[PDB]
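Novice: Each chain, written out:
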Amino acid sequence: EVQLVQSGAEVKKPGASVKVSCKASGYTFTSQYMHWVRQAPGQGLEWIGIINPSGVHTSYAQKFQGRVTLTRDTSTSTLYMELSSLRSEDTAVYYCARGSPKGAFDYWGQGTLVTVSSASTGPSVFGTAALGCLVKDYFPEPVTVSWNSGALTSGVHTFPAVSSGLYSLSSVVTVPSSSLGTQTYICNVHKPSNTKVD
Amino acid sequence: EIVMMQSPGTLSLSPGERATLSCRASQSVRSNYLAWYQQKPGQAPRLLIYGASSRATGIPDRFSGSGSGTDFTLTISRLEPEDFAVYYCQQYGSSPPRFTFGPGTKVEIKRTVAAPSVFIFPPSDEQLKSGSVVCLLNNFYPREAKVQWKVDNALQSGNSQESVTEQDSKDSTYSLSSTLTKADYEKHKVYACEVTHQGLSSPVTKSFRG
Amino acid sequence: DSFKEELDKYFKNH
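Those protein sequence lines, which keep their order, are chains A, B and C. The numbers in the first sequence follow our numbering, run straight up by one, and end at 198. The numbers in the second sequence follow our numbering, run straight up by one, and end at 1210. The numbers in the third sequence follow our numbering, run straight up by one, and end at 2014.
Possibly wrong hints are sitting among the right ones.
With a Cα cut of at most 20 Å, we get these calculated PhoX-like pairs of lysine-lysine [to be verified]:
#: 1; chain 1: A; residue 1: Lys191; chain 2: A; residue 2: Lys13
#: 2; chain 1: B; residue 1: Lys1150; chain 2: B; residue 2: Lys1187
#: 3; chain 1: A; residue 1: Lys19; chain 2: A; residue 2: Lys63
#: 4; chain 1: A; residue 1: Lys102; chain 2: C; residue 2: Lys2004
#: 5; chain 1: B; residue 1: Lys1106; chain 2: B; residue 2: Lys1170
#: 6; chain 1: A; residue 1: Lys191; chain 2: C; residue 2: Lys2004
Residues of chain A clear of chain C, computed beta-carbon distances all greater than 12 Å [to be verified]:
#: 7; residue: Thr58
#: 8; residue: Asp90
#: 9; residue: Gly99
#: 10; residue: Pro101
#: 11; residue: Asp137
#: 12; residue: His190
#: 13; residue: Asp198
Hints in this document: simulated from the structure, not taken from any laboratory. Positions of the beta carbon are idealized from the N, C-alpha and C atoms, including for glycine.
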């Protein structure tokens, strides 16, 4: 399996610059044009630009002309997207997609969320049965939630985040009454605050 | 640029039925370079159809595209619960390079009525040291449900925050989580949340300090 | 020609 792997999420102050990467190893990628598409939360997909196999030729969308720089490293099979003078409207999930030789984007990276916020970036955690972990007071998004290091993935419900201005989400799971005293599971919680509570 | 339009905004159908999605372009799409992308919640877009009518590798035969010029159509026969996603159409051209997407069409999957499972969660002593009762509704359909908090038989108003998961990709059920957000808590005792739903022949209440 | 080839002919003059 060949697969695009993007870098982690970053939080940048307004006016700052951001640089997102995309690992595209294999002839399937190194011999084709690559694209960048972003998606503001709750919005559609917006094409940013395209870069050629050798990395010499680029073409940017009219909206991003003069603000974006697409580069490509052929010795490491790594793509880069740099966007300067970040404003609030640039907050989006930035995808890296492979341009099929026929045209369409048939390979997509998992995406990279860029949060342009002036506010400072630490969450706090507190028949059959059900257990859950309440995660409140956090900024900015997101705050991943895993159960037993991902070993238990059948029955998990991680609700989306929601007065004070801080995010708060919950992650629930369902288990039989007999598995309570036998299996001991812990929830795995925030990259912007580089926190990893269990 | 070439502006892309889609209709309808939202489409709600049952499994086994046929979904019909429309895509209109402001100009004629050269070489019928029209693509359809499926994006499920929390996932990247996924190529379903390129070149107006070409199924990408791995796409079942029930997905089908058609059209030319400015009008294009995507038809999803034999709808399945896994087909819950937003579908974008996209034109692409080479000279000059141009890539514009449509606004998208949200496809929701209907199912039969399913009753929720209510769970009351009193706040642990950890949160009480800082100075929020969580009510859980697990796996239900449809989404609309009336959750009401009653602290010692007193309908609370303006102190609860709800959160609903996306429609499940397997059984099309929703899950809701209310939060009845220490001064006013030590004055009352019996806190409860009453859930009202059409899958319940009668209203159900889950109560519980100690 | 393929779409990739059409792009290659685009950047030949640009």
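Novice: Per the stated criterion, does the least C-beta distance between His190 of chain A and chain C lie above 12 Å, as a non-interface residue requires?
Specialist: holds, 41 Å
Novice: Holds or violated: is the Cβ of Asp198 of chain A farther than 12 Å from all Cβ atoms of chain C?
Specialist: holds, 47 Å
Novice: With the threshold set at 20 Å, check whether the alpha-carbon distance from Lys102 of chain A to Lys2004 of chain C stays at or below it.
Specialist: holds, 7 Å
Novice: Next pair to validate is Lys1150 of chain B with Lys1187 of chain B; report whether the Cα-Cα distance is within 20 Å.
Specialist: holds, 14 Å
Novice: Is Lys191 of chain A close enough to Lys2004 of chain C, meaning Cα to Cα at most 20 Å?
Specialist: violated, 38 Å
Novice: Holds or violated: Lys1106 of chain B with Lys1170 of chain B, Cα cutoff 20 Å?
Specialist: Holds, because 17 Å separates the two Cα atoms, which is no more than 20 Å.
Novice: Just double-check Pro101 of chain A for me: nearest Cβ-Cβ distance to chain C has to come out over 12 Å.
Specialist: It is violated; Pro101 of chain A is separated from chain C by about 4 Å at its closest Cβ, not greater than 12 Å.
Novice: Using Cβ atoms and 12 Å as the threshold, tell me whether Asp90 of chain A really stays out of contact range of chain C.
Specialist: For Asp90 of chain A, whose nearest Cβ neighbour in chain C is about 27 Å away, the distance exceeds 12 Å, so it holds.
Novice: Confirm or reject the statement that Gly99 of chain A sits farther than 12 Å, beta carbon to beta carbon, from all of chain C.
Specialist: Answer for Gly99 of chain A: violated, closest chain C Cβ roughly 7 Å.
Novice: Would you mind confirming whether the straight-line C-alpha gap from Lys191 of chain A to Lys13 of chain A stays at or under 20 Å?
Specialist: Distance ~16 Å between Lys191 of chain A and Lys13 of chain A Cα, so the pair holds.
Novice: Regarding the assertion that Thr58 of chain A does not contact chain C, is the least Cβ-Cβ distance greater than 12 Å?
Specialist: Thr58 of chain A is in fact no farther than 12 Å from some Cβ atom of chain C, at 9 Å.
Novice: If we take the beta carbon of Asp137 of chain A, is the closest beta carbon in chain C still more than 12 Å away?
Specialist: holds, 49 Å
Comparing the model with each numbered hint stated earlier shows that hints 6, 7, 9, 10 do not hold.
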